[PDB]
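Quick setup: one chain, the form deposited in one PDB entry, written in structure tokens, and binding and motion questions come after.
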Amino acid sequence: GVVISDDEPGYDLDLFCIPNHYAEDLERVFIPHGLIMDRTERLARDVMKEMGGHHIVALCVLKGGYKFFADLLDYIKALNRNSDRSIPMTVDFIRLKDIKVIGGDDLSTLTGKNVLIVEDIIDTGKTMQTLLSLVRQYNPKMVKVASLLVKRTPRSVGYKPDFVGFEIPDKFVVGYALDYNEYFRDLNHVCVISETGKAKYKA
């Protein structure tokens, strides 16, 4: 994936269009929306090259997964209608919130199927451990994992997704559906929160 370095300074907010209501709440733009798009376009092709023979169930991990999920699937849809290659897709949504699971339940749709799990970020890798444990209970034919972000953290068990958008430093990022206490999901760029932001939006 795209490696973002520890000393990556990001961009000044005044160079980009940002939501009026978060103008004072962000410190820098970390990953511009357009960069996320470009990288996701390539990821869609990588997904096709890998899982292209088969019908796939795309499993969206809510809430933060929703933007990456819709965009990735859209790029995949563009391939399906303009190429000879093909991945017929059905979709499913799951939420993990010590980790409670909502919406599976459900989920025999996964049995004997090719599963593409779609996540916003891998940090400790624990959420993903909980998910795979539940997916195992339905006996899928194949499981692949795509994550927009993978965080470089010593708190990691060492788990790595098949498809990675960006490998990022051990910093807390928001935007592109990633939240701080449910705020900042309504933001297209991945960014870092300012001092004012932390205090204003703290729980």
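Residue numbers count along the first chain shown, from 1. Here, rigid core means the biggest group of C-alpha atoms that superpose within 1.5 Å across both forms. Compared with the form deposited in another entry:
Put the two forms on the same core and the Cα of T153 is off by less than 2 Å between the two forms. When two forms of a protein are overlaid on their rigid core, residues whose CA moves 2 Å or more are considered shifted, and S108 is one of them between the two forms.
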Contents of the next structure:
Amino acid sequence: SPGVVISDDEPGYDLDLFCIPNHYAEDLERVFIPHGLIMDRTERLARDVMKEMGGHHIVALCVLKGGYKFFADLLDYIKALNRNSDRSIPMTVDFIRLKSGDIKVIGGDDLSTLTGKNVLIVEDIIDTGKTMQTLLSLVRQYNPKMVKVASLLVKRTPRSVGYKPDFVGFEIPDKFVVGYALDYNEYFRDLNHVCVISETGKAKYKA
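I've shown you the form deposited in one PDB entry. Could you give me the structure of the form deposited in another entry?
Next comes a single chain, given without company.
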């Protein structure tokens, strides 16, 4: 599934109709994906993941920083299924961050711990697909039973990387979005909605 298709001409929502941190009011243009919509989609995704990856021990990899909200919420919905259903399997977690002869993968346990396990990579957004590709390579060379990619967002943008994510929250236009742990120079992570920055905000927090 490509996930919830958010069309290129999606207008989003007026900021004044939602609850927002008032110190971001002029830094945002529109609410793009309301927090609650993310929850509803993430509920379904949790079931899709259990459908495909259930039946054997899952190792859930959180891609920091931007993946942490989606990760926490996805796993909570998975946990909700597993304690209210007959079908259930153990799930362990790990956290990696890519470096701010290529990208260093900060942290993470011994790579042998993924061997023989159903591995779920959880990302915030697929743009160039290079983040996803490096992580797929970094996991595959330790022979898990399977590797799957969950991503909150996928941008409709030209991509050389072939692999398509297995679980997708929303497929969005090529707009620069923030919120729900997605940042602009470390700001907007505390926003619960996904929003499009304004040119004002982009200039205000520019590094």
